[PDB]
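6 protein chains.
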Amino acid sequence: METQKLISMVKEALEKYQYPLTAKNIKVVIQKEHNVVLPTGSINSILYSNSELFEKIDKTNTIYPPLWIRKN
Amino acid sequence: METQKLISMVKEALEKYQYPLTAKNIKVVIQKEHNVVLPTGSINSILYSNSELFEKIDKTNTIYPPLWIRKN
Amino acid sequence: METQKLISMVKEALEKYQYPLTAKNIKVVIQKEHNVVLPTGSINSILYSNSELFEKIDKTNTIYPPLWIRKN
Amino acid sequence: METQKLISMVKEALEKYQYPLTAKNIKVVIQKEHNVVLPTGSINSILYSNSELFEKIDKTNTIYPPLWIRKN
Amino acid sequence: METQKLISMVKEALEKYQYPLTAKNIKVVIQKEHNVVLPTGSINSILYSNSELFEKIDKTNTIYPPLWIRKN
Amino acid sequence: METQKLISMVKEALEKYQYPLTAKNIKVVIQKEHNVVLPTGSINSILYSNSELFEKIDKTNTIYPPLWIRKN
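Residue numbers (my numbering), protein chains in the order written: chain A, 1 to 72; chain B, 1 to 72; chain C, 1 to 72; chain D, 1 to 72; chain E, 1 to 72; chain F, 1 to 72.
FYI, nobody ran anything at the bench for these hints, they're computed from the structure.
Hints are supplied without guarantee of correctness; some may be wrong.
[What the hints assert, rightly or not] Result set (EDC-like, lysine to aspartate or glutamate): computed pairs, CA atoms no more than 16 Å apart in a straight line: (1) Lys16/A - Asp58/B; (2) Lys32/E - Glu2/A; (3) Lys16/E - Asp58/C; (4) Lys59/C - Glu2/A; (5) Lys16/D - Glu12/F; (6) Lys59/D - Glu2/B; (7) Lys32/C - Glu2/E; (8) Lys24/A - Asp58/B; (9) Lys24/D - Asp58/F.
Chain A on its own, in the form it takes in the complex:
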């Protein structure tokens, strides 16, 4: 259930801004809006592990740290 709360926060960051975001961008967006300091890795875990909810905008293995969008 913690993971589901974070997934909703990640979607929420991504939907608030209409361009791709790095995992660290998403972390700080969640920090400013929900005032919790989360490890950047925990945002990455969500991003990589829910491949039907999030995807990298760069599919050529060049943009690092990767930029992420919602898969929709």
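With chain A's structure known, arrange chains B, C, D, E and F on it following the hints.
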């Protein structure tokens, strides 16, 4: 190596992509097509010191590290 | 350079050590014995996209950045 | 007005220590004194954008992450 | 006395997990358990400065960021 | 490559500058004049393991990442 070749490598990097990039993204892009590893802070010097060619896309002091665009 | 040579470099790196490694550890290991500097995020792509060869050792969402093992 | 508050905190960190500081040094100095966790990027933004208040002690494009002093 | 409190927290993180941890792993373990955001450097200081309490599991100067165990 | 050549590269790096440097600063300095990219953690090993040549300038456990000086 030359101020005026780094301006144009950063500028090329932004122009290759349709979305904002971080300074570190640009670093990795340049390391890819010109095979030179620059410090992340060398790109920031260029980006801030040339406010006519580059601007940040978020102006609410929220997105960090900042996402940069080639200014239209 | 090749997806299937990076899988085996990451996989070699884990196998050289008796304990879990981070993605960045693996990066530095590969930079050591194959003299190529990869972005940290390129290793993560491999680790998550090959969940049959690699798994995280902590499953409590606590260890970040995650520690990875060659799956037994 | 948020930016003005941060500018005052940055000056305050720099004036408390009588040697140059990195943006991350300044971040943690502000954390310990004012107990707010700010993105390192937001300190950088202040530093780079107020070129008449702050300047890099290294003008040879070598020290990275840059070391900063107050321009005075 | 602050340093002694941190030393006890570092030992406590290391003893809670039965594999080596990076300084940033230890930081976030202490964050989750004691809810304080400490600079990663302050964990490193403890680790490097108390060489009879902590040691790197890798003695070949390869694993970076280093992985740490309790010396026992 | 040699313990005793890294001691003298770190030591040269500090001596080139009139102010304290971080371990990462030293890394970038060495990458500049000897064209070898070392992991940040390799410099820390040298700095802490040679407490006769190097010391931190802040002794209040505030400046992180620590700023280092050639000991007078």
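Tested hints:
{"no.": "1", "hint": "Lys16/A - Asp58/B", "verdict": "holds (12 Å)"}
{"no.": "2", "hint": "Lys32/E - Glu2/A", "verdict": "holds (13 Å)"}
{"no.": "3", "hint": "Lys16/E - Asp58/C", "verdict": "holds (12 Å)"}
{"no.": "4", "hint": "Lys59/C - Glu2/A", "verdict": "holds (13 Å)"}
{"no.": "5", "hint": "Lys16/D - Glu12/F", "verdict": "violated (28 Å)"}
{"no.": "6", "hint": "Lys59/D - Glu2/B", "verdict": "holds (15 Å)"}
{"no.": "7", "hint": "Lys32/C - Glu2/E", "verdict": "violated (38 Å)"}
{"no.": "8", "hint": "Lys24/A - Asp58/B", "verdict": "holds (15 Å)"}
{"no.": "9", "hint": "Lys24/D - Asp58/F", "verdict": "holds (15 Å)"}
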